[PDB]
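Undergrad: Below, each chain spelled out in residue letters.
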Amino acid sequence: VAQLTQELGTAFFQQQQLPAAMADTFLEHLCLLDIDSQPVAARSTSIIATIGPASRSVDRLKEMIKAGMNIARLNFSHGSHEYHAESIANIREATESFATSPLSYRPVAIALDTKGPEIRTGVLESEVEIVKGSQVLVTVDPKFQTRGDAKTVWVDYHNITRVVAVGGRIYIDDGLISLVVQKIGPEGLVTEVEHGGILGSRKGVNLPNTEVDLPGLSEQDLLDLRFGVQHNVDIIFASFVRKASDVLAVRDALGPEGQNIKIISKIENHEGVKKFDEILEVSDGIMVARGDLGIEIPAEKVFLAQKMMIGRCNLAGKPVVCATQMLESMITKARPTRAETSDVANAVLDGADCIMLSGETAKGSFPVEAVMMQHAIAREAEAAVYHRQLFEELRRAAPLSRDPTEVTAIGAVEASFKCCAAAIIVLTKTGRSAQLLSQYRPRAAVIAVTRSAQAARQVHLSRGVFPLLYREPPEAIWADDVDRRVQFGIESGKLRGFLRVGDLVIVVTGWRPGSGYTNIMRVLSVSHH
Amino acid sequence: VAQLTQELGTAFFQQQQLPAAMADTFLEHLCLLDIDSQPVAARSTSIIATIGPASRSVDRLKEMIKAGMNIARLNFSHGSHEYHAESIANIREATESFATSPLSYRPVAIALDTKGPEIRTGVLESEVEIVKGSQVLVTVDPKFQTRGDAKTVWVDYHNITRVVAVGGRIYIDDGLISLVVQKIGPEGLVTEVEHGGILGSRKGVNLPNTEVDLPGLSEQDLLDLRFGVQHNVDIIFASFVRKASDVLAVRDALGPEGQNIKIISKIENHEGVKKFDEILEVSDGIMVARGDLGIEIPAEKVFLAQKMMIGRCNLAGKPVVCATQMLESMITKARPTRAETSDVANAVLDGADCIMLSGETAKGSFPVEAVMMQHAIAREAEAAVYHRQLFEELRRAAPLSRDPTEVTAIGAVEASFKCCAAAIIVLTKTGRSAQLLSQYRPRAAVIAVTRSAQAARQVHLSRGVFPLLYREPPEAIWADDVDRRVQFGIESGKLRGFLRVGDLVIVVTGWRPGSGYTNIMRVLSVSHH
Amino acid sequence: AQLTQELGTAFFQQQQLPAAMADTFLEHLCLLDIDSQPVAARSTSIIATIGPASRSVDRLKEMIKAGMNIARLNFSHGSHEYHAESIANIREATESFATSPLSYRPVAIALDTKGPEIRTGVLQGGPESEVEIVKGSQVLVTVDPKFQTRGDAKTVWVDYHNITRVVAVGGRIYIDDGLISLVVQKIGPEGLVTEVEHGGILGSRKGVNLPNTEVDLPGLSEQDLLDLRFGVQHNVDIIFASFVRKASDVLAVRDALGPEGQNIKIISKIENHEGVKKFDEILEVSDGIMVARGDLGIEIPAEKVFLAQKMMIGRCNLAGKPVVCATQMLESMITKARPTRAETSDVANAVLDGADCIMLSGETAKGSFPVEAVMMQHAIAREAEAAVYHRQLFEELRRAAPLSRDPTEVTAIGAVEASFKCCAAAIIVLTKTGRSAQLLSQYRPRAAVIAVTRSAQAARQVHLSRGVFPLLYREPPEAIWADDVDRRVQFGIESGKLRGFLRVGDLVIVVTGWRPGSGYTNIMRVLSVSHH
Ligand SMILES: O=P(O)(O)OC[C@H]1O[C@](O)(COP(=O)(O)O)[C@@H](O)[C@@H]1O
Ligand SMILES: O=P(O)(O)OC[C@H]1O[C@](O)(COP(=O)(O)O)[C@@H](O)[C@@H]1O
Ligand SMILES: O=P(O)(O)OC[C@H]1O[C@](O)(COP(=O)(O)O)[C@@H](O)[C@@H]1O
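As they're listed, the protein sequences go chains A, B and C. Per the numbering used here, the first sequence starts with residue 1, numbered consecutively. Per the numbering used here, the second sequence starts with residue 530, numbered consecutively. Per the numbering used here, the third sequence starts with residue 1059, numbered consecutively.
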């Protein structure tokens, strides 16, 4: 390091947690972390924002995008087709409003989140108080579908009496209320309230440690997916995936016409956790859906499942998302808690490709500030990653490969470490080439230049890929068309402030048109032309 | 491992995250973590609970102690001597209520938390609304000491006009309200409200990135410390330590008569962080006081300072405490958020010796449940620690030593790993011998048998030390007195459920009476006598 | 390593590939396998000393086929014209193969300096009179020139004048392969009053060593100044500078090679304790190092030499400069067809230690099996090269090497990392000076670094760097520079194909630059070997 410190300035090595990057143990790494060491890199951890009343206006979205939202989540657990279709128009209006200047345009992906195997309570309307210590009944009786009170809950899962056990829990409304079952019979269940809040009407029920007969996709889901194809969505977040076949069902539904759509299976319960490896293998990636997961399993165990699934997805090289209550208190407050700040940082340090806002952006008072807070924590945490260890462990775990794109990608990432490259610039049609760079977690941003609008959107799922959408039509000479895409990477980089004159860039390209021929790594100096 | 699996049962190696313990990389470690793998060990991370209205009754304390409170924190920022003196009696009444049965008696330490260099607002009384966008004034004018409104704040730091800068912040009431200074003059400051809540009367002010002339100990502090000596407290949490001399001031105050009291310096601001190494060297340990720290420094950087200080304290072998908002939402709610759960786990995985509750126990609706939730997260996180790496890194970092107690301690911890010892049993007068075991972070509990009531209390600061207070008077033959203290460790272990017949224990003792002669490690089977 | 399905079960049996996949060095050792056959590409260079048994053009030709890469001219013996006869003989043997330039093996020529000598005077006149000395004795070492010929059993004179000053009371005086030791007792005006320790027979003008003494001689005799200038005249690739002791001795050789010899590669020979102590400063200003174990194992205890060897190979590996292991590697083979079990072991362990080259002295120069010596070193080195634990070596070198903004450095480590991901048969590099190939060498890839060059000198000099197989390209530039680049690469690959280094469906990493002239290497491509 003594020589770049005479060339790049003493202060270059004070930023990006570079003193901590050069440590020889994880422990020493931790000791050298410095609050005055400023993140300089662009932010690599994608932000996912749930659209709802607080974030659906075209002007709201424009501020979200400016703040750093990369992916928009449509939760089909609430709202009609036309409501969502309008969310989509407003998002594409906001996004496409920056097309004016191609060099600074930010692709925004749109993720459709399924309703999935849901269990709802009755019309019970307004609201009624439920009391801890107190005896509540659960019935499947179609007459009570319309009645309901502090003493009786109806629920639309007919066979509930066949699946629970004595001492098992029934949780209603995102786990707000807890009932312990004491007696099972064919008429219904007899329950004591363990946790008593105020019950609304047609709420969500969870039954931990049960096998519920509800099939892969409800009729409602089949429809919701065909909407997504019709509206050209980029990603499905598949709710409550329990086994592989559940993911295959989803793929079949999307059929030939939506085979390029990414399936992110949400692990929400003990079944998904247990069947995780088989879910991973057929999904495009994973969401640690900590909300359902923290009622389906004991709450003090969610961190184990989080770190497990993130690790296995890092090892598999498929994107993984951390979700739910990351900045919960910013629903009502403008500044998050010390534990929220911690949780966002620890999700990045764990190895998450994406972090997610729900309430915070859908309904809260501070949607834009939440996005801004995730963006600011993420940048700090990314630079505090111990790349030495991480890269070496990924290097080792990864199999040998005779695939030129794999070979090229690992040489390029190594190269970027050797010189502290400001960027790896890569041409990709499908995103694949950038993904294989991303899977080694380089410090250097992976600037992916593509003509596929859809690719530019989907690559937000892979940590460290900055998609640039290329709009100009083919030069006549292919080699020229290549240079210009590369030159567009650089100029965009310059304008967006990720690259400056004198920076080194690694440039990854291929020897002919089409997917699958990336085979070339160059080392260039950014220049003034 | 194939042989203990034929001896101890296949299922022994399914618990304590033992499959993950046997992994060869950190990454693989993470992948093997298992939500069905049950923590079996006792909980090693001490819990600190702030005493206040919700946790001051003798009956409340008894449930706190049962739930797992190890250290009681008296916050001298609120309350009079007689109020606190009564907190102390109630704590000692609760604690000493279990002396009935020596084999299950749990020492409870009492920590005195200083008021420290405080800056307070005026009598302003009741409450008044302060508004974002709006022009507020700060004055030192003794006339306004009694007035105050949505347009004027008084504050008792006379020289405030001499220490701030334009664009600097003034934060009032645990950072509830934020003012940006725009004009400085000798009469006062002119400020815009950035963050507007509701102001009370005589609240706390923070001035980030300023040097305030306020001396080491205020007059009030001198007194508060002499109370602590008089009331036999175990620990000082020294508020807002800024430099070493601040810690020496505290030690001088306690004078000869309180030289065995432990000083834990609270790092709350950019000055303490910068001067951390020199603070550590003279303190007995550290508190990451994330509350003040998250307003004194940018909030998105607290995790860097946390992980830094925890690492440096692990490396130094001195206790370190993580504090503030760990389970904040349990002030009003019975179940914490997914990020609170995360934060507690990540503080244990970071290497914290102690975790802390404030609001959650002092004033909230759910004091006992908060303690129970910290206890349950901590147990899970402790077993998910990657001991392979951690022990090796501590082994390496630690200097060579010709001190027999150091030598013995590292052999013993190695030994405990070889056999998955249920416990290391150690005789200590002062606690030192158990501390040097603790500093290598064994999986096996360090059961410390002592006659010093005060030691039994203070060793709660060191991760993994379970103090047992020994009450029987000296056998005539010293060797016999040793065996019996050791036999008391075992029986206590048996009764409390940390040891069973057939378990291996490492037993650490010394060759003569007095501190400093620990030099002996034995390997024993727990027996039926 | 599940890919096995495409390259065959067979592939992961060979090259010590199971031992390469071990997580620990101990597991690595455990998985070493005598049935796991090595590749043809042998990456550690053989320096053969040229003397009586290795001068015949027929023998040189055999020695080249056996796998000799550098030819050492020991200028301690032989005449200028003797040597020019050797040089011309070598060139003839080398150039006899230029006829098929796809299998042409460049052969470097190294000039081994005579350097600071210290000789004993004549014994009572006669040049074959052989005194004896008794152990518990008294002996005298003199400056005085009349004793030159008056050489008693009690008194001897020696070339080196300034011993009075430089050897102190207690210093040791070894004579003839350290057969005779003297502990210096008194620094008299007479000379040095010594006490014998070991004894035996004598002669006149036989080597003497000054253990732990800082030799006064300038580090270039007049004979060196003259041998060097001859070296420049005959276009030698490499100097082995004898008895290097400090940095100034290396600069003295660079000074004496002058502007005409700027591109001669200087390998400082570490022969003595002062050498070992000043090693780092010597290494800063040299292009490499010889571990000259002959003289070293007299000038320091024999049991300490493996320590000096291992330290110097490690420090050179760290610096990324070649290092030679020299002396008695196959001693027995002078007289016998086959080596001892300690000799093969010594060769394998030099390679596992990290030696860029291994040397044969008498085994090739004056001995009865020079061709089979070469063949032995060649066979052991291929087996030992595969038993290297690259996972740990590559990891340590990576971590030890500094960050660089030099695109050649950057490209190189990228290429080496790529080679490892896919078990590349080769890294094909274009280089004018050798530098681009050396910068690959430094990371010790398992794949052969096939260096394509038009520089005949570079192609020869590059044998110093482990794993670099030089090819000489003769064709004149194509019209279009890009077509000229591609033709060199193709030469590289077809050259490989002919020699067995490469087979169709192998991956290669191809390293090249963006424009002509040195220092512009900046491109790495992954390609398949073609013409299925
Ligand atoms: O990442 P993917 O989808 O394989 O795309 C990589 C491809 O992009 C290119 O660089 C350029 O291809 P196009 O000119 O066909 O867009 C190819 O050379 C390479 O194979
Ligand atoms: O941990 P410390 O304070 O050094 O105490 C260790 C001491 O305790 C003992 O085991 C027993 O000492 P006492 O019998 O004096 O309590 C000593 O042998 C040993 O030196
Ligand atoms: O190894 P060196 O001395 O830097 O030589 C490397 C040079 O070889 C090349 O591949 C070809 O250059 P030439 O055509 O000058 O031989 C250059 O692009 C590159 O800079």
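Please note: incorrect hints may appear among the correct ones.
Heads up, simulated BS3-like pairs for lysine-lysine below, C-alpha to C-alpha not over 27 Å straight-line [said to hold, decoys possible]: (1) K803/B <-> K333/A; (2) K661/B <-> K203/A; (3) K132/A <-> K661/B; (4) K892/B <-> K333/A; (5) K591/B <-> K333/A.
Pairwise CB distance ranges (calculated) [claimed, not checked]: (6) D806/B <-> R396/A: 33 to 43 Å; (7) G185/A <-> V530/B: 39 to 49 Å; (8) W478/A <-> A1537/C: 41 to 51 Å; (9) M1079/C <-> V530/B: 53 to 63 Å; (10) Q1095/C <-> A11/A: 48 to 58 Å; (11) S201/A <-> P631/B: 52 to 62 Å; (12) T1062/C <-> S1056/B: 20 to 30 Å; (13) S527/A <-> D1313/C: 33 to 43 Å; (14) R691/B <-> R396/A: 24 to 34 Å; (15) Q1095/C <-> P399/A: 15 to 25 Å.
Hints listed in this document are in silico derivations from the structure and should not be mistaken for laboratory results. Positions of the beta carbon are idealized from the N, C-alpha and C atoms, including for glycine.
Undergrad: Would you mind marking each hint as holding or not holding in the structure?
TA: Here's how the hints hold up against the structure:
1. Simply put, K803/B and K333/A have alpha-carbon atoms about 30 Å apart, too far for the 27 Å limit, and the pair is violated.
2. Between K661/B and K203/A, the direct Cα distance comes to roughly 37 Å. Violation of the 27 Å bound is thereby established for this hinted pair.
3. A threshold of 27 Å between alpha carbons decides the hint, and for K132/A with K661/B the separation of about 40 Å lies outside it, so the pair is violated.
4. For the suggested pair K892/B and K333/A, the alpha carbons sit about 20 Å apart, so the restraint of at most 27 Å is met.
5. A hinted pair counts as satisfied when its Cα atoms are at most 27 Å apart, and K591/B with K333/A does not qualify at roughly 35 Å.
6. Between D806/B and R396/A the CB atoms are about 35 Å apart, so this pair conforms to the stated range of 33 to 43 Å.
7. Hint check: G185/A to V530/B, Cβ distance near 47 Å, so the stated range 39 to 49 Å holds.
8. The beta-carbon spacing between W478/A and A1537/C, approximately 22 Å, falls outside the hinted interval of 41 to 51 Å.
9. With their beta carbons about 22 Å apart, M1079/C and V530/B fall outside the hinted range of 53 to 63 Å.
10. Hint check: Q1095/C to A11/A, Cβ distance near 54 Å, so the stated range 48 to 58 Å holds.
11. In this structure the hint that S201/A and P631/B lie 52 to 62 Å apart at CB holds, the actual value being about 57 Å.
12. Take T1062/C and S1056/B: their Cβ atoms lie about 53 Å apart, and the range 20 to 30 Å is violated.
13. At roughly 41 Å, the beta-carbon separation of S527/A and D1313/C lies within the given 33 to 43 Å, and the hint holds.
14. Checking the proposed 24 to 34 Å range against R691/B and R396/A shows it is violated: the Cβ atoms sit about 58 Å from each other.
15. A C-beta distance of roughly 24 Å is found between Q1095/C and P399/A, which places it inside the suggested range of 15 to 25 Å.
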